[PDB]
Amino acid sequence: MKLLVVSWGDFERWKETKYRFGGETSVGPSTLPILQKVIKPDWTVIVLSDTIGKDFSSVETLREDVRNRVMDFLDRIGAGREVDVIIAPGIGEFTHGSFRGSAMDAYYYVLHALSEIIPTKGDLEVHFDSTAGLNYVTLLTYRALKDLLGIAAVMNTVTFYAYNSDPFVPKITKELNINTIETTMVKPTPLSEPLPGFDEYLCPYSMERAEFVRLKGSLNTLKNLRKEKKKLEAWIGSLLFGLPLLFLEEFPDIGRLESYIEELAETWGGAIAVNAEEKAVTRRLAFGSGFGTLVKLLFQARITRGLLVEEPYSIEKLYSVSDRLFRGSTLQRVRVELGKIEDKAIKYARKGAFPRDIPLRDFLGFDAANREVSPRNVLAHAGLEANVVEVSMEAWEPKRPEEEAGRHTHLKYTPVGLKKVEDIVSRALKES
């Protein structure tokens, strides 16, 4: 699947020029038609600053005003029907209006917007154009793309192209070339930051501090994160450190993450005070890093949802999850640890023995007085530490145990063990 993204400033004040790109030529005010013509995108996204709005009645008469003038322009140069448009929150004092707010809201807004468009299944070929965009909007849009595709790269092949044209110089330009400024195969980068303090999800831009404490207290999101924060950091750690059984057991509720994000989103949007007479939007709530972390966490969850196998969690299923999720030494470490437990299950099967609800220490046959759960042993043994894991073998009539044992040998964390692992992994993620 191929995707095209472009960063747009004031698209109206653009003069007609011709553009060269990939053995093609085109005449018009923007690069979008020839980009589309050559690249053949399966889908297109346009990112605009909302600072090109004129009708200040309220928020939906601004995002309307801006969408109107865009959707006119996209029929003028035939940009087709497969398109999404992102009206990102800009700031500054303009001719026909003033916009006030945190500069970083555009990143979090575009990150949020892109997280719902980018496909979470199959390989991705992303094309990005910085030609006719604001400096910071193009910069934050580029960062937001790379941050999400980095997480997409975990499960799928991701190739990223960036373009800027020769500088349009109005009094000598005859034509302009679409230069490829980047061609990169995106590295798999799993989410590697903890959820922050309940300070940094929404922050007051221009809201009196008493009013903030009031609204912060009414959010069901921040109260529900208090409970789940540690369970989610444990899941983040599962991918980063190569802990496949913890990945499955701590797999987050997507419906629940969707609802947290929407509540922080519609709370932010509902703190935007439009003044129809002064011609002044004011975004009184600013998105924090915590909003960014949640959006990335939900995206990583959508990307890897195919791997949440039906219980019970057998050695064979853990191998299968591990093969897709992990690379390099991490994968090989995990395969060796599952191999140890598998080889023991085989030995048992051969003797016609099927231990059920046995601690992993007793399954592997361990010395006593080594029952303290160390960070070292949890992280070094792919989260399959002997004091926190319980094994069961469903009894069967074996014929070739070396093949059968993998399917019939199930692992889970003890309720005590799972909390020790959560604490260890959560702390390891914070110390990073």
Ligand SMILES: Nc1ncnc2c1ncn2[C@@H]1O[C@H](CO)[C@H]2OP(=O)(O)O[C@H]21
Given for the second form:
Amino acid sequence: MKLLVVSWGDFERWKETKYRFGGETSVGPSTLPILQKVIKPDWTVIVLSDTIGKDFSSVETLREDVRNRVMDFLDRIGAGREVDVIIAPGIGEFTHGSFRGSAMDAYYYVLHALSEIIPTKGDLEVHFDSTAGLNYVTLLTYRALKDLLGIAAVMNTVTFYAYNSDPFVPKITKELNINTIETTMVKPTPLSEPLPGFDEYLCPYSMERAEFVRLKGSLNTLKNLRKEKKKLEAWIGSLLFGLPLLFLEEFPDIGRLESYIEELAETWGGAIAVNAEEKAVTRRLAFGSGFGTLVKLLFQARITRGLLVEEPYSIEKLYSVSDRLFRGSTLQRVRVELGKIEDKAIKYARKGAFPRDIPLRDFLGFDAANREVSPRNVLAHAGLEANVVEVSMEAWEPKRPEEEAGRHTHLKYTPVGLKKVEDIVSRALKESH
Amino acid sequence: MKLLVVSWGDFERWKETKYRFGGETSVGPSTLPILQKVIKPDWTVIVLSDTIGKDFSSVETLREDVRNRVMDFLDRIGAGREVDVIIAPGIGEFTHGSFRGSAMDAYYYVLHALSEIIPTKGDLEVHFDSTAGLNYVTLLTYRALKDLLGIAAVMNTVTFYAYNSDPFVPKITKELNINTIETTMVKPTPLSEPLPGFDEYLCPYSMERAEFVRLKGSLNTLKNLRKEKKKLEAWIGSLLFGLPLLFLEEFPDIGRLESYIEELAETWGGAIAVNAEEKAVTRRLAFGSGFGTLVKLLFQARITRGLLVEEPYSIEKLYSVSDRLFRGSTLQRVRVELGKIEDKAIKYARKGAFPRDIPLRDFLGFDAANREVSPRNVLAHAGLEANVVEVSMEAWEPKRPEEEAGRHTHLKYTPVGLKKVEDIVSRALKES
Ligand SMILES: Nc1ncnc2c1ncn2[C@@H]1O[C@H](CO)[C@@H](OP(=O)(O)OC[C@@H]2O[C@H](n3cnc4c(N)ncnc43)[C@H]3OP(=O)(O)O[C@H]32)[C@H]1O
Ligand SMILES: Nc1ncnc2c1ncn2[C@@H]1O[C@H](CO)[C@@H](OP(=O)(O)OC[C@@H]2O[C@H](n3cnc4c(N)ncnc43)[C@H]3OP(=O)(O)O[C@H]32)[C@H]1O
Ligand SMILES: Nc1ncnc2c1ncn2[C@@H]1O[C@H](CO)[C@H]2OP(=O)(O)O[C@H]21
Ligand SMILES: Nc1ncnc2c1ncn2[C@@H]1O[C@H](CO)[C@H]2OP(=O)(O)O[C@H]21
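Structure of the form deposited with this ligand bound, please, following the form deposited without this ligand?
Okay, now the whole complex, with that chain kicking things off.
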């Protein structure tokens, strides 16, 4: 999968010039044609500001006006129509009309937009062009792209190239070169934020206190997320800290996450006041960081959903999941911790013994010294702590028990144990933020 | 410590307007005065492109010319004394001069300049105004800030705010708001890339390839890196993988790194041709990723220099280092691994036994036929692998050995063990 992403300002105001890139030359007002010629991307994404729109009879007429103008410009230049146009909510008071709202809305909106576009399976070659973009939307677009590609890199190889052209001086210019200003092997960065307080999902930009309170108190998301908050943070921590059993047991419901994001996005959309005569858009609600954390969480869940299996979890499964989610000292520590439980199950098998619903402490042979569940022991032992995990060996007829024990050995958290682990991982995730 | 950084273009062409920010107002051509008023920074950094230069007599008369017109402008709207001016290398064909080179030189130059300004002790509150610079110079300045602050965040609390003003649209503008476009607590990100091949430190832009090879051959930096590359990657791995004894034993020579960076820097500068009659600057060398890695490596060393304890390396000292350097599962991993050696040391102390210069495997009482040093055992056991570490307990008269054993029990790698750990950690950093 090759992806081309370009950040555009007022594309209509650009002058004709010549562009050098990768042994090709191009006449025209935009880099997109030559970019598409040289790179030959599988898909193109154009990101520009609302503030180019000149129709205020509705919000849907404003997006469609900007879209048509972009499609018309794609015909003017050699550009293909295989593209997604993200119309970002931009700020400023212009001659053709006024746009008020939180500046940060552009980031959350583009993050949301790209989280529905960037494929969640297979490798990713991403190309980002900033040659004639607005400074702040290009920063926020750049930021939103890197935040999702960081999560994508957990499961797949991701390569990021950025471009910018030589600056344009009028009539002095002859052939502007398109420079490569970044070539990056994107580092795997799983989500490492907790879900924030319920003030930080939607905030009031230009709205009376009581009307915001009503909208806020109308949201099913905030209500449902109050009692789900701990389980989701436990799941975020499972990737961050190397807890493969918690990853499987706490795997979130993608349907509910979709539902939470859809609702917050619809509410934000519904609160955009478009006054038709005086030519003015007011975004009466602002997106908060909690919206962003939800978009990243859903995306990470989509990226890792191929690993989830049904409830009996074998040692062999925990190995294969771990080898995909984890790297460096984290992966090697998880393999050593699982191995210790494996070597014990091999021993049990050679004696023709196959325990059922046995605490891991009783399985491994533990003193009656320490039954209290500590952060130290939960985080240092890949979450496979002896007082919270239950083991089951499914009886078989051994011949080569060293290779058969992992398939027949299953680990699960006790109802009480799971709740103790959720508290520790949730607290650890907030303490590291 | 509070730090303001601004990305500036042709600051002279700026028209007078008024700005709002944090319940305050200000009238002037730039936002620096009101940002300074509301934020009250302890220090301010201005990043400019050198592409506003006009007098092409030499390199030092371009950076002179640009610096003059900046210091005049800072006095005109009172930006004060507490200001560093970074004149980054820009490219483009302009009305009063031509500037040819790698676009990415602006990143490596700003990265190098910021690495000398950002304080390496204490917490950091960083403010970044992107209002008005060259698109790509502002982007590379932002990237250069985040890359360095990520390393700072390993040891100190780091919060980063970004701003962009409402677009100045000259016919209709009455005032412009300074909008917060970012507010983030910066996540701790240790350096996590190996040192590249000796082609990726300085690269030819417009230099004949025969001349490059000649000058590449004359650099005492690349010859010294031949020896030290693997020892430096071992240290990079120590932070990333939680290997506290390797962090201390491989701790890099800050002075030596300064001089490597200084030689690549002034060799780059020395290859900038200035043609006064044609009015053309040409940067015939470009900085490579390896110059970037060295700058980040030197900064990470400065950030963590406080943790290089006096020898010998006691369990007590190793806990103290680890408690500062590691977080999450990595920290708890290291505490449990050091705890195993401590509990053993306590056992020995209670029996009036004080083993001297004994392999860790003998100290812990290991079986035979597990003498092979694996990646798995080096990385899973916080680098305290039983076949590469040597233990010494300095003899004492114990009273409460549970408290005393940690201070009197010292660990080092054997010379043979160290090179195996270097090979494994270097290899592991490359596969990453
Ligand atoms: N006192 C000041 N004097 C002069 N400039 C100031 C001052 N204070 C702040 N600035 C900012 O400094 C940058 C240079 O003037 C400006 O920043 P930015 O607005 O981000 O500039 C980017 C260009 O605005 C252009 N575009 C002009 N029309 C509109 C428009 N109607 N919808 C959105 N963008 C517009 C964009 O089209 P493109 O891609 O050709 O170039 C961009 C100014 O907002
Ligand atoms: N076909 C095209 N038609 C129109 N623009 C194009 C086209 N292709 C590329 N562009 C670029 O797209 C942005 C919008 O026009 C421009 O780049 P941007 O970085 O946004 O430049 C904006 C201003 O150029 C100014 N400044 C002009 N001289 C120099 C200079 N020599 N040293 C530093 N800055 C310069 C900057 O000073 P400030 O802070 O007032 O605002 C910037 C253009 O260079
Ligand atoms: N509370 C605890 N104290 C010490 N070791 C533990 C604890 N919980 C788990 N472990 C060890 O983590 C491994 C995976 O479950 C397993 O190997 P072990 O060393 O036999 O004891 C377990
Ligand atoms: N090759 C190895 N195989 C198994 N365990 C090891 C090895 N090397 C080190 N360890 C264990 O790492 C800990 C810190 O040295 C220490 O505690 P242990 O579990 O007694 O054995 C050691």
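Positions refer to the first chain, counted from 1. Shifts are known only where both forms have a C-alpha. Rigid core: the largest C-alpha set superposing within 1.5 Å between the two forms.
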### Query
So, with the core fitted, how far does residue 171 move at its Cα between the two forms, in angstrom?
2.4
### Query
Hey, core superposed, how many Å does residue 77 shift at the CA between the two forms?
1.5
### Task
After lining up the core, report the Cα displacement of residue 378 between the two forms in Å, one decimal place.
0.2
### Summary
In terms of 2 Å or greater CA shifts after rigid core superposition, the runs of three or more consecutive residues between the two forms are 309-311
